[PDB]
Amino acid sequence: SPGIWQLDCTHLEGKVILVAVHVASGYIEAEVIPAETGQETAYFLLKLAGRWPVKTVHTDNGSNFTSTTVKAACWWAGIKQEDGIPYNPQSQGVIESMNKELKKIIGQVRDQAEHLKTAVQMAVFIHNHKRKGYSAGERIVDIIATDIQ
């Protein structure tokens, strides 16, 4: 549970926003890329796993699941690459809700940056600090610290 992340890909302004969600906390990391490729996805996971103890990744689609570059990054970083089949139906909904919330925040900050990537990082900030009470940033640290002890 402390080590499980889910990949999520959403679109805006003709660009792609790749998101990793820490399932147990709702904490996120995201980046803007021109298109979702195996190489972009691989690099994103390598970044993520150098930063948090990533044990398992539920990939966002079958192409990233199949991708030999994505499998190579997961091998490199010690990550168990799994499919993203929502055996729990509530998962599709949580992710769609998350994409809608993130797009809302992006629109609230959109005029504060020329580039979409800036707005996306502002939205990540607001999302992770939003007190729900604890924030997602607080919850991820507590979950992992509890795990280490």
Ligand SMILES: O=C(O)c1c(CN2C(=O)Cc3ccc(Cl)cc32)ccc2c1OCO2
Second form
Number of protein chains: 2
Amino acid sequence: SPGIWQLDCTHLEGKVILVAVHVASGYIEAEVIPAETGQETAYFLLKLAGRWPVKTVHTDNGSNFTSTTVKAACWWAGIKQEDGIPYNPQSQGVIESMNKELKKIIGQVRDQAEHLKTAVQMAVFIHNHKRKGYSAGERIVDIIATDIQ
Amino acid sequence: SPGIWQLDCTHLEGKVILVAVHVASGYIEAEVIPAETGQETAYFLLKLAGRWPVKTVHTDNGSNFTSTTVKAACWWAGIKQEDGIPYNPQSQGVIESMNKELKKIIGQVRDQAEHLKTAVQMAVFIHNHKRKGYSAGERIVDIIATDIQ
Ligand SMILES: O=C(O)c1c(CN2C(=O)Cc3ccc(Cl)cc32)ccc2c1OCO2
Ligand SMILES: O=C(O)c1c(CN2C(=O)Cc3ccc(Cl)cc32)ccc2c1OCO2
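Right, and the form solved in complex with the ligand of this protein, after the form deposited without the ligand?
Once more the chain from above appears, this time first in line as the rest of the complex follows.
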């Protein structure tokens, strides 16, 4: 579980927000792209795997699962690419509830930035620092450090 | 020291690579931008502080130290913005040797990517995963986890 991430793609303002969630902690990373393509997804995964120890990724749809650019980045970065088929049925609503929470945060900071991408990074910041009692940013560091030790 | 980062800016292929180094571990994050501006610097710091607990940033020059967009992002994200004056003189050479190493990594992967930004992210990955036998990615997670507890 310490190396498992789920990809998630949601829309806002006619743009796409790509999200990776660290499943055990709830910690997220996200970026605004003009559209989800294999290339953007591959590049986002290379960034993430250079920052955290990403062992397995549950892809968000079957086009990214199939994409040869995505499989090439997974290969390069050492990542097991898996489907994201929610065999535990809890998954669909969990992803939906996160997207709803993210967009709520985004609407709360929205007026503080001209560009969507700034608002999205503010929301990532607020989501990861929120105490729930540790934050997601705390949990992921504790999970992975425990795993190393 | 677990919340201190140093910003660093280096050039390659007529482009700018902005780097943030976690001083205690050597772990880095980097991005390619067309030019260093306050706005780009501010946005890079907002991204970094949503991912790691950034308490203190030593800015890479006095224009970013002065930049009101940069000070606004530091304020938003709770970061103490400091100068990067190497009061310890070993600082200049250490930053230079890191730039040289990053650029060596980059030339080793350069072939494998059309765009500079991809090669930069491959180099961030290789740099953070290198053992020499803990890696930088391991050290930063141990340092910060030790600090939470
Ligand atoms: O805040 C969140 O990110 C969040 C999440 C995030 N999350 C976790 O905490 C663990 C987890 C596993 C898988 C996925 Cl896909 C999301 C999450 C789930 C449900 C929610 C959320 O907000 C409201 O309902
Ligand atoms: O590989 C690196 O990142 C590296 C570094 C990085 N580094 C550390 O390990 C600790 C540290 C504090 C401050 C700075 Cl500014 C860089 C570093 C320093 C010197 C080097 C390097 O490569 C060769 O010489």
